[PDB]
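With these hints in hand, go ahead and build the complete structure from the sequences.
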Amino acid sequence: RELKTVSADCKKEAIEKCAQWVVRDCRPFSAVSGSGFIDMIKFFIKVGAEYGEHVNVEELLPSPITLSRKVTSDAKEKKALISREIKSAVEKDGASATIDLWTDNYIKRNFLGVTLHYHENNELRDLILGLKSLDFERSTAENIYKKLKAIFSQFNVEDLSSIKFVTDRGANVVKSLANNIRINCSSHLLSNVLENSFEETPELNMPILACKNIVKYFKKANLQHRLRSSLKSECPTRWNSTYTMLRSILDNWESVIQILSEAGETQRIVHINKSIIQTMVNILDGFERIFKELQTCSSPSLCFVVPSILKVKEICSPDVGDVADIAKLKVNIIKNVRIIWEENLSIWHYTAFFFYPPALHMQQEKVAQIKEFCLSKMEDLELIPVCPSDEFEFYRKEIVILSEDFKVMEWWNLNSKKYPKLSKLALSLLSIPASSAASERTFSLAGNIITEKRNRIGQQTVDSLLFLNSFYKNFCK
Amino acid sequence: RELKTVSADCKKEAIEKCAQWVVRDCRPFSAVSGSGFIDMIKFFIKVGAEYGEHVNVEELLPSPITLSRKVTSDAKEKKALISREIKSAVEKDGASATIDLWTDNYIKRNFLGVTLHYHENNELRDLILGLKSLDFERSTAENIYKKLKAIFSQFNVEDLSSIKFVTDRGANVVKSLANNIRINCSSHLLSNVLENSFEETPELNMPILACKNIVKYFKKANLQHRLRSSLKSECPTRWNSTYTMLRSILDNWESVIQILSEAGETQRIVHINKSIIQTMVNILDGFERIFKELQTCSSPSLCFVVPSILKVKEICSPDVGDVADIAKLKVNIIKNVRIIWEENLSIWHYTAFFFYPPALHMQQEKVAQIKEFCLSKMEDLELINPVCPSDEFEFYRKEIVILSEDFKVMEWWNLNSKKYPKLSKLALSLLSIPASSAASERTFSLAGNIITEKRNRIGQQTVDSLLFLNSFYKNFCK
DNA sequence: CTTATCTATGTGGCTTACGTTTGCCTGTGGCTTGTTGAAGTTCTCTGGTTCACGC
DNA sequence: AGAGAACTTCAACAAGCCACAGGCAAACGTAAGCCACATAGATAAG
DNA sequence: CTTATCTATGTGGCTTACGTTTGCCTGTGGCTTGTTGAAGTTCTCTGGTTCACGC
DNA sequence: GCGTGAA
DNA sequence: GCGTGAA
DNA sequence: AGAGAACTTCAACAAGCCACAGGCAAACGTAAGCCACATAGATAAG
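If you read the sequences in order, they're chains B and A. Residues 81 to 464, 517 to 609 (the authors' numbering) are what the first sequence spells out, left to right. Residues 81 to 465, 517 to 609 (the authors' numbering) are what the second sequence spells out, left to right.
If you're looking for bench data, these hints aren't it; they were derived computationally from the structure. Cβ coordinates follow ideal geometry from the N, Cα and C atoms, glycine included. Relax, there's no trap hidden among the hints.
Here are the simulated DSSO-like pairs of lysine-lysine, each with C-alpha atoms no more than 27 Å apart in a straight line:
| # | chain 1 | residue 1 | chain 2 | residue 2 |
| --- | --- | --- | --- | --- |
| 1 | A | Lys-585 | B | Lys-605 |
| 2 | B | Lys-585 | A | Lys-97 |
| 3 | B | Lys-150 | A | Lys-92 |
| 4 | B | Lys-410 | B | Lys-354 |
| 5 | A | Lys-312 | A | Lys-300 |
| 6 | A | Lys-605 | A | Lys-212 |
| 7 | A | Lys-585 | B | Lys-312 |
| 8 | B | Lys-97 | A | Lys-158 |
| 9 | B | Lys-605 | B | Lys-556 |
| 10 | B | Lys-122 | A | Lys-92 |
| 11 | A | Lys-605 | B | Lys-91 |
Taking CB as the label site, the calculated pair distances span:
| # | chain 1 | residue 1 | chain 2 | residue 2 | range |
| --- | --- | --- | --- | --- | --- |
| 12 | A | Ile-357 | B | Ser-143 | 39 to 45 Å |
| 13 | B | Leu-161 | A | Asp-89 | 18 to 24 Å |
| 14 | A | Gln-592 | B | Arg-588 | 31 to 37 Å |
This is how it looks when you write it as structure tokens:
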């Protein structure tokens with residue numbers, strides 16, 4: 081507890097040793113602040129105090145290959161230990177995950193991501209199961225099924241017949257998971273809505289093309305030296321990158337116009353209207369709020385499904401203060417909103433919104449369908517006073533205040549006492565996100581791991597590293 | 081001095097914890113064998129055993145920004161410390177410096193790597209001087225000149241008159257260097273000779289084109305996956321990638337034809353001629369021998385180019401076995417060598433190869449000019465700082532030394548200071564000059580590994596600091 | 001070649017009783033670099049790569 | 001929504017040097033009168 | 001009531017010498033085992049690119 | 001067979 | 001001017 | 001030329017298990033004086 085106050089010159093010698101290390105081994109400066117590195121040096125100063133200053137350091141330091149094999153063996157031991165907990169959790173139906181293919185931009189080997197997302201007391205749990213390849217075989221949906229079955233067999237998972245997943249609209253994904261709960265990634269759907277709505281309004285692509293050409297000129301001509309803000313990727317099939325593109329354009333219009341006048345290429349920008357730009361900034365910022373709200377995975381976000389649709393309707397509500405292109409765009413967007421949402425929504429979505437504590441909005445005829453579905457959804461938890521009919525009207529009667537920082541975590545966790553059995557229904561309902569951000573963040577972790585520097589890695593070791601990092605992020609204080 | 085050892089179980093928890101550390105922060109496995117890593121371990125165990133095992137790490141460990149600040153300070157500190165050593169080294173002319181531009185992969189900044197190769201006592205030191213980005217300046221000869229003047233100013237060098245330079249034939253590079261020594265990088269000259277000979281022989285395009293398309297479609301369908309050994313780069317301006325890919329195709333030919341027949345792509349391979357491929361393999365690997373000899377810069381090589389000239393002109397010796405393709409290629413090679421590369425040779429090189437202990441090589445009129453060159457040149461070194520140079524010339528030319536391939540002529544000059552001290556000083560001035568500028572390429576390799584995707588927001592000053600300090604540690608620390 | 005008891009002398013000695021002698025450590029001041037600690041900013045990117053799908 | 005990683009920007013503390021004078025605090029000088037045990041001589045039996 | 005000394009006794013610690021029995025102490029010289037570890041192969045790369053340059 | 005778009 | 005052309 | 005980084009192979013070799021021979025100080029029963037204390041008892045006087 082009471083730690084030592086160092087003599088200052090000792091601290092200078094320490095920093096000199098560390099600095100000569102990092103300079104002579106090209107290491108990043110953040111390695112000095114590693115979570116485990118303070119621990120490891122603690123262990124080494126401990127053993128040095130035990131033994132002194134004249135040990136056989138270079139001999140007693142293990143060889144890297146030994147580290148690899150030890151990591152593999154520890155992976156086996158830890159997965160064996162946690163298989164029991166996995167089975168115990170999965171038996172009670174409270175599970176979720178995301179499944180997605182991955183590919184490396186170095187060796188071009190395709191993979192399949194297997195993970196887990198479930199609920200623990202007053203917290204969300206995400207365990208990365210495993211990431212595996214399919215050799216160069218035709219990555220058909222049955223191959224995906226075989227691989228997932230193998231991975232679940234690795235952790236003694238065999239039933240997997242009542243697990244809930246939020247996925248994309250991939251045809252092989254749809255067919256493979258058609259055997260069980262398949263739910264669409266809402267952010268994917270809303271994005272596709274946005275691009276389809278912009279593609280049915282051609283009067284916007286011309287300003288879009290002009291802005292893209294300006295950004296291309298900015299990038300290739302190597303003149304961002306004056307530019308205070310660097311521009312973004314044009315269109316790498318990325319989410320909302322267009323919004324940031326146009327936002328940076330609205331921010332840097334000044335510098336853009338003076339530098340174009342100085343370069344003699346202002347002729348490619350006179351044909352864009354700035355008021356349209358700012359109005360789209362407001363509207364697309366509203367949907368940016370909607371995406372960021374829906375994209376919450378460290379916290380459930382499925383309770384705001386229909387009211388998000390109402391938000392979209394209000395922000396895109398018809399108005400007369402719009403020029404012909406703006407009004408036509410609003411009509412096209414609301415059309416796409418219709419054609420997508422009342423068709424790819426589910427009664428699961430309605431029940432998820434039904435738990436929303438302001439129960440005055442889902443008062444329509446859908447009460448029949450949610451009560452119809454929940455009745456069949458009420459028996460299974462028991463198969464897996518305070519009568520269901522009375523509890524239904526009691527939970528729909530409650531009036532709950534919306535503080536501006538009100539959250540999905542704690543309200544129901546504290547409301548669990550009045551609700552004895554539907555509470556676990558909610559908890560399973562809360563472990564499922566509104567989108568598939570687990571896959572993308574795991575692929576971020578993978579891409580950080582696998583680099584050009586490490587092309588000769590063994591995929592099994594990659595699985596070990598990924599799962600053990602997940603475990604450490606999960607089961608450490 | 082006798083190092084105590086711990087129980088095996090102790091090292092077992094040690095390896096367990098090291099595995100934890102590696103897996104937690106995604107660091108490479110090889111980092112555990114860091115040279116400074118062991119220094120860290122020893123220093124930490126010493127400090128722990130000294131002050132007790134209840135130390136306050138949470139401030140003992142400096143912030144990374146403090147690391148950067150300390151490195152930046154130490155860069156100026158150490159360059160200041162060694163500036164006088166630099167001046168002492170360069171004063172006696174026993175040195176050779178090379179520079180070249182560079183560009184990263186993300187921001188595309190201009191650069192100028194400054195490298196210096198000079199001779200120490202029985203070792204040739206290659207010190208990496210500096211690297212300043214050219215920002216967004218137009219790369220005029222004035223900009224290059226001003227940058228080099230500033231770079232030498234940080235070393236307090238403004239003489240920069242007798243020093244020897246090896247570069248390519250870059251037009252702007254030549255223009256900025258139109259006022260002092262310039263030696264053409266022989267590696268680029270040879271590569272250009274080969275490329276220009278091959279382009280002047282369209283009848284050799286069809287085998288090259290066929291192999292290139294084979295590689296491109298092996299990449300395209302990823303059917304290199306069944307191949308155990310892959311193919312090399314298509315055409316990103318790579319040294320002798322053509323050799324490597326064609327010889328790899330020869331080595332993998334059996335599986336290649338098997339897969340092409342299986343996939344129905346054997347209809348496009350019927351146009352290959354493998355005997356010509358084998359002949360090219362033999363001859364171009366012969367060339368790669370000279371390539372690697374030239375690339376060897378840790379050893380003096382300025383006295384091994386004319387014999388390489390003899391070897392190449394022997395390689396193209398006329399014969400009835402050369403097909404019209406081979407005959408045309410060999411004619412192009414000899415013509416290109418004669419009318420470009422033989423022309424672009426230097427009097428410095430002629431004198432440097434004159435020092436070959438079997439001096440029987442240039443018994444021709446090549447000696448007519450050297451006496452003008454040597455006597456005038458070494459009349460200045462005597463002022464820069517009985518065994519007369521005139522009789523010293525015949526002293527050296529009379530002796531003949533056997534060619535024992537196990538010998539090192541390094542020690543031969545390092546010992547010939549006994550009788551020919553001034554001339555051996557001329558040799559060491561000559562032989563501190565590598566024949567190729569690929570040292571700059573190792574520097575660019577180190578730089579490319581320094582700057583990464585995740586280190587974009589890096590200080591160019593800091594990058595120069597790191598490169599210089601690692602170079603100095605390699606040069607001064609074992 | 002003792003062996004004992006008295007009968008004057010006579011100086012340590014010592015436990016207080018007390019008065020100096022450093023003296024050290026230690027309270028307050030007053031800077032002086034000197035890190036340095038957030039504190040945002042700004043990018044990299046992860047954010048899609050070859051097939052099930054009805055038609 | 002992550003995640004790594006480096007970068008200005010304040011601008012905000014803070015350990016680390018002196019200057020030094022004020023105690024209480026350990027230890028050394030006289031003195032000091034009651035002891036009081038140590039130091040020499042007769043003296044009876046012989 | 002004591003005070004001294006011889007006189008007739010025991011008589012069991014005791015203390016060395018003798019033999020007898022013992023509860024293990026290294027060493028044994030054969031039996032398993034992670035683990036540097038020396039040789040590899042196999043990379044993905046650097047193999048810098050906009051002013052020169054003049055008839 | 002046909003996108004195909006959804007990644 | 002004009003076109004490689006040295007990497 | 002050089003990079004920095006994971007695999008792959010025999011491998012042998014220095015840690016731990018094992019546990020029949022050969023060996024040793026420790027413990028016990030015995031026997032020889034033995035011999036130095038220990039006991040009363042008397043014997044004179046006072």
